[PDB]
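One chain comes next, on its own, written out as C-alpha cells in the form deposited in one PDB entry.
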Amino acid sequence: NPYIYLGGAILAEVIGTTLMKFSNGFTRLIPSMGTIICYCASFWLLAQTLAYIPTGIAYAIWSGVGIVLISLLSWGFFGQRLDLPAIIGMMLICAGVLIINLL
C-alpha cells in the first residue's frame, strides 16, 4: 500500500516539475500555483510513506522512476536527447544513486 503513495508522490513531483517549466520563473499564475500544489501533495504522500517504507528504498525508486518520468515528459513537451555526450550518463548517475542508496 505505501508503495502506491510513493509512486503517486513521484508522479506528483514529476507533474510539478513539468508545470514549473511552464511558469516562466514563477511569473505565470496557475503553473506557479500548480507547482506549489503538486509539491505539497508529494510532501504529504512521502511523509505518509516514510512511516512504513524505509528511506533508502523510497529515494532509490523515487530517483529512478522520477528520472524516467520527467525525461519522458521533457521529451514529450519540448523534446531533446543527448545534447551533451550521454543519455547513458543520465542513467549512469541513476546507477550511481542506486549503489550508495541500496549498497
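For clarity, a rigid core is taken as the largest C-alpha set superposing within 1.5 Å between two forms. Numbering follows the first chain given and starts at 1. First, how it differs from the form deposited in another entry.
Only one candidate in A60, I67, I53, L73 has its Cα displaced by 2 Å or more between the two forms after core superposition: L73. Annotation: Cα of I15 displaced by less than 2 Å between the two forms, core superposition.
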Contents of the next structure:
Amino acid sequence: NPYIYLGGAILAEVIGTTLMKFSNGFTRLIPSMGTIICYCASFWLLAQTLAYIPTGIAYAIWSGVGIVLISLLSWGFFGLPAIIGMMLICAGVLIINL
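Next up, the form deposited in another entry. The previous block was the form deposited in one PDB entry.
Here we give the lone chain, stripped of any partners or molecules.
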C-alpha cells in the first residue's frame, strides 16, 4: 500500500514537470493549471506517504524512479549507462520495497 502512493506521487511530479516544460512561464493556462493540480496532489500525496514509510527511504525511492521515469518517457516521444543504471536503482528499490 504505502509504495503505491509514493509511486503515485512520482507519476504526479513527473507529469507536473513535463506539463511545466510544455507550458511557458506559467502562462499556458491549461498546462499551468495541470502543473498546479499535479503539484497540489503530489504534495498532498507525499505528505500522506511520509507518515507511513521512513522518510529517507521515500526520499531515496523518489529520486530513483524520478529520473528513472523522467528519462523513461523522455525517449517516449521527446528527446548505454542510462538503461543499466535504471535497473540498478530499480534493484535498489527491490531491496527496500515490501
